[PDB]
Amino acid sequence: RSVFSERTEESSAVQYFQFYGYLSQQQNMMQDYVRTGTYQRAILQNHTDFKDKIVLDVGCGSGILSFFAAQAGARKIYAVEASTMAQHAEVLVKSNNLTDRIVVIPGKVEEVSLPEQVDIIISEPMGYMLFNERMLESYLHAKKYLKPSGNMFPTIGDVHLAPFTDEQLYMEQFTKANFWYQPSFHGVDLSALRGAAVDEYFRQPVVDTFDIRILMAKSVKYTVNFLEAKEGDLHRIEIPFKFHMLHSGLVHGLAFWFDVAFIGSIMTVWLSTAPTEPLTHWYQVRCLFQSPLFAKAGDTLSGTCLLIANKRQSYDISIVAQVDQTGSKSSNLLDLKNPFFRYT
């Protein structure tokens, strides 16, 4: 029926929007001061991009971003939200005496109708590793409502990849799977499932933070320009990399983080989730290799990270890497939709 339903299994969508119907999940995001404070600073410090403008807010949740656009002087703000949080947003618009300026439109941005084109789109479509949730496509889809002059906040997104060494994280996977490597668990030999348990753990991206000293090479960057990208550009994301190793050791996988930039008429404001910056609710993401690769300082670690969109609002991750000087190769296949939250 719609672009959204064509690319999303019903069961995935139901669970997805039920999650966002809880005030506790809005609170979890809103209390991220880096996240909320930067969006406010990006909007208020570019007030001329909002003064007397028409605004579209894609996935407004409780409406916080629409209220910042109002604080910046917007004339009309259309706040679109598909979860039941839309009804709560309507309450806050009324209780804040902004019903003349903010219009909450319940539904998916791919399915609702707007009465007019807008001057700027604001949204927080970033999932962990940037691409999870496949909400960037809804952000890009919304450009059908954008005037030829239009701007977008965020304007661009950078995902960064870098190799890391973390022996303890790697070995932890086998410590957990070796539960199954015993010949008489209450009289039952479980060992035949040990290999399957290992594969299951390695398919999980690891969501948590880490010390930057585990990074073994300068990061590679892949940039999405939201003013120019099309929805189809995010179905197959190929990120070639060729790391020039700064340290010698075993490479256990690739670490991921992202930044977004609000490129306004007055200034550009950056929201970064890098491990060099204060922690956010996005943390960082690490994908292990099935087998570690030894690389000396000065060697090159080259390969590809391929992200293939699936109908569960996420991506299948294929990572291939080899040390050029030695030819030793490794790979992994990961399910971005089911990460392991390891932060404690």
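Take the two forms, find the largest set of C-alpha atoms that superpose within 1.5 Å, and that set is the rigid core. Positions refer to the first chain, counted from 1. What changes on going to the form deposited in another entry:
For the listed set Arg236, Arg194, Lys230, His247, the sole C-alpha moving 2 Å or more between the two forms on a rigid core superposition is that of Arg194. Relative to the superposed core, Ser184 shifts its CA atom by 2 Å or more between the two forms.
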Contents of the next structure:
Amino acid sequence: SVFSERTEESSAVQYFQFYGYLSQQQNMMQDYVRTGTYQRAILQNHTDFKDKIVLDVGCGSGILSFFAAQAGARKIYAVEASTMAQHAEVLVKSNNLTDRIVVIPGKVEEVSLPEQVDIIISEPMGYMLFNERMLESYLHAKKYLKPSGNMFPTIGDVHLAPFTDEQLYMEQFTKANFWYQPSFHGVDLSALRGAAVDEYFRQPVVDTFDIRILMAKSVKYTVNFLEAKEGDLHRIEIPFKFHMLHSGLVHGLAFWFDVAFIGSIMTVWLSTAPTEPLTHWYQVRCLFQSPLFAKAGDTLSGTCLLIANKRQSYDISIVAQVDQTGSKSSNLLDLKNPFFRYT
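The block above covers the form deposited in one PDB entry; next, return the form deposited in another entry.
Just the single chain follows, nothing else.
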């Protein structure tokens, strides 16, 4: 299948085992911004669902399928590959919706649906939008979508902006400096110091922050889920040119995302921006191994390149340069294994 061809079995087992836990579903369901905004997007656009055929990609517990039912959908095919599919069935029965919600266990790339659908609903967004590579499963499912069909969410915006945060930088650098010791219990570790710094700075930092640490207006990269093909997400190149609003040390790039549900009645936005109420997606920051100094008015240019790997994530290459001075920084980050810092 398309899924297995792009996915290490080891990664898939772990991935679907994770979403098989009810405690994990609870955590997502209790993100009221997420759950409430999804419900608002669906119900406020009930005409896009009323008497329509629906596909829910990765239905989990089934909550989005239930929203579609509340909106009057004639039939909802709810696809889920983890064992959570069993629990969704339980809820469909106990909520007397067996006549409209049909759970189909399996990967959306592998199952067979009885008919084409009018609209696909899903929550395929991971950290920094692209983590988990579930967007590709979402786009893949368009093979079941009618020509006049819609997608909820319809588009995704990735925002990136330069930030200054000495404390975060020193916090990570301090960890790596363990490997700087010349005599840990009499053992010289210093030879691995380079490898250590490399390893720690490879971790994106997931948490939230004050918007005042941002040093320039964000750059936006848009994915149109109605137009995009699976293959478009294998290599994502995001060029940027920031016009620095403040002077100081740039310690890296901050990331967040918005998705829009573009319905017939209204467009509803779900935002994970630091200016908005916090979600379980928080925000993501990629540190430079060495900060770049820039003055207000300078331009910070470069590229954020995401290369999809078989562990359902991306290898992230960030190259940034202060155009006026030629000060350049590079880093490779592994989006699969971020550092969860929020407390």
